[PDB]
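Enquirer: Spelled out from the first residue to the last, the chains are:
Protein chains: 2
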Amino acid sequence: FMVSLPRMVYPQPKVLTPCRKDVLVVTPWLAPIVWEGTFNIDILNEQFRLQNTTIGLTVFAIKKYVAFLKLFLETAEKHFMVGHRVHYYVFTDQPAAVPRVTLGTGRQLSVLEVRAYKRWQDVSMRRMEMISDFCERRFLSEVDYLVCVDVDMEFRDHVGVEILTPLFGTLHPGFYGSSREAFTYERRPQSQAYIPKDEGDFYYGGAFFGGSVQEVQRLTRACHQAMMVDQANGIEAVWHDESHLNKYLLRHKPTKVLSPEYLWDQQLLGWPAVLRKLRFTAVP
Amino acid sequence: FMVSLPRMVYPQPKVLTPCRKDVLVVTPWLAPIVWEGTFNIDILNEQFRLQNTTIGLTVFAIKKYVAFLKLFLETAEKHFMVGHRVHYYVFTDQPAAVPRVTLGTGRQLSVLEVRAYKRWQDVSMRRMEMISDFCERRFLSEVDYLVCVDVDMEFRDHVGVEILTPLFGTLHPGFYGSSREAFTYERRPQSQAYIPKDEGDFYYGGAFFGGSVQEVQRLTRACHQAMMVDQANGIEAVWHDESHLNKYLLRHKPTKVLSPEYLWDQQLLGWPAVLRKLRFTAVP
Ligand SMILES: O=c1ccn([C@@H]2O[C@H](COP(=O)(O)O)[C@@H](O)[C@H]2O)c(=O)[nH]1
Ligand SMILES: O=c1ccn([C@@H]2O[C@H](COP(=O)(O)O)[C@@H](O)[C@H]2O)c(=O)[nH]1
Ligand SMILES: [Mn+2]
Ligand SMILES: [Mn+2]
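Sequences listed follow chains A and A', in order. A prime marks a further copy of an entry chain.
Per the entry's author numbering, the first sequence starts with residue 62, numbered consecutively.
Per the entry's author numbering, the second sequence starts with residue 62, numbered consecutively.
Take the hints with a grain of salt, since some may be wrong.
Copies of the same chain look alike in the list, so a pair counts if it works inside one copy or between any two.
Derived DMTMM-like pairs: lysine to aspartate or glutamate, alpha-carbon spacing no greater than 20 Å straight-line [said to hold, decoys possible]: (1) 131 x 276; (2) 125 x 215; (3) 75 x 242; (4) 75 x 260; (5) 131 x 218; (6) 179 x 135; (7) 75 x 183; (8) 75 x 276; (9) 338 x 215; (10) 82 x 97; (11) 131 x 211; (12) 75 x 259.
These are calculated hints, taken from the structure and not from any lab test.
Here chain A stands alone, though its shape is the one from the complex:
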């Protein structure tokens, strides 16, 4: 049950004025595509605070990637869900190496020890298993939404409750302007992640996805179970977990899509006019 919003003064939405004239702001299945200019964060903050929303943020820092945690967490404190309850979940093989980052009120961090796989591909892939196992262990009881990201990144601008929805994916920065045939989906029919050349809405990035705990457990379990089928058949998808994520989100459409503002690499791609904000970016 949702309590009433208070009186708020803000600009009237104008029906005959598009909010963006340069980009698609809604998918063909009526999911919003989140760009700057599409939302009034004051309204959304009120809606989510009245629900006392808690957001979980999972990040894996295994082997040398522990070096990325300090900047990741410091910048999350400046930009990620500020004003809301946040629970960071740091999965690592080196609990002792997690930096002591000072957190704002209503924010907490748990360190979860996991095994390290030898190949980076298996480290990246086995996040799905680990996230889906922790959905029972903790997440169902502790958070309303989960956001699952890569650690070799930093926040540079606001990432807030505009992203929250039952299931979201993010447009990969390398492909948002590409035609589907150019998308690096898995193309071998032998793999569970196979997508034909004439199918595909978007190429979603494996480095940023999330949703409600229930929808994330469904996604991660499905991707893990597909990976295990492939492994039994002696095949590894071309882009690992990202390939399985794309298969899942083709067949189970997200309820919001994040623009590449939310997953960017300035070294490789610069700062195009279409991006008004670079929010979460690669560490070069």
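Following the hints, put chain A' with the ligands in place on chain A, whose structure we already have.
Expert: Only chain A' with the ligands this time, still in chain A's reference frame:
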């Protein structure tokens, strides 16, 4: 739990091409505003059919307004949720006067007898009470969504599952291009429906709203309970049920907004370029 979509071939969405350049297609709270060109009905039909969705449609035909039923129902059969399960609920003081309209498969009609109020204003207002009472009686057990409309109307074009969402309102055709100060909200602070001149997102029409059964029961109960407070205080809102609906949807934002394609009057307003389809229109 949502089963996987089958393979489908359809045009790729292009991220750098707006779907409409002449209208707002998403509210500032990230609710889609449904216009032609914003959705692929093939995808949405698949999603809703895989859930075996049933849609209820309530309509009141009291006193002389029984004359409108034949065209209303005949045209609903041509255009409303075709392919999906539909349950019409006709509330009337003259059960015997409901026309025998032939229905397609998976579609049914129930006639619910109710009392007739003397004043048209009370007929229109007391729909809220009657809808909220029937949410327990029947709707919770029989349908997934409810659509609540005026009867003095006809369908001329597709009205389908693109509208379905937890809570929707529709832009009133007289005000979609107006500034909020011109909106005919209730402006007397003595009324529960009062909205100040500096508040308001849109002017929603009382002739077309809906959502999930739970959200419609909440809306209709709140509007009824506000009407009863006003009555006790000797005040009747300027636009009756529509005024209370607007107060509710200001404080409880809809999760989709329908464009005026869904609520139109060609006699008064013609056929502007911005309307690509006139879907549900006034009988002159
Ligand atoms: O040795 C590794 C390999 C990958 N990852 C995690 O998996 C993510 C995806 O792998 P990558 O493509 O960024 O290497 C990394 O950002 C990091 O969170 C590790 O922690 N350690
Ligand atoms: O005598 C009346 C008055 C109103 N209505 C119902 O209430 C709706 C709203 O009233 P109106 O403004 O269209 O008259 C009508 O479309 C019709 O569904 C009736 O059935 N009979
Ligand atoms: Mn990386
Ligand atoms: Mn009327």
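Enquirer: Name the hints, by number, that the structure is in violation of.
Expert: 1, 6, 7 and 8
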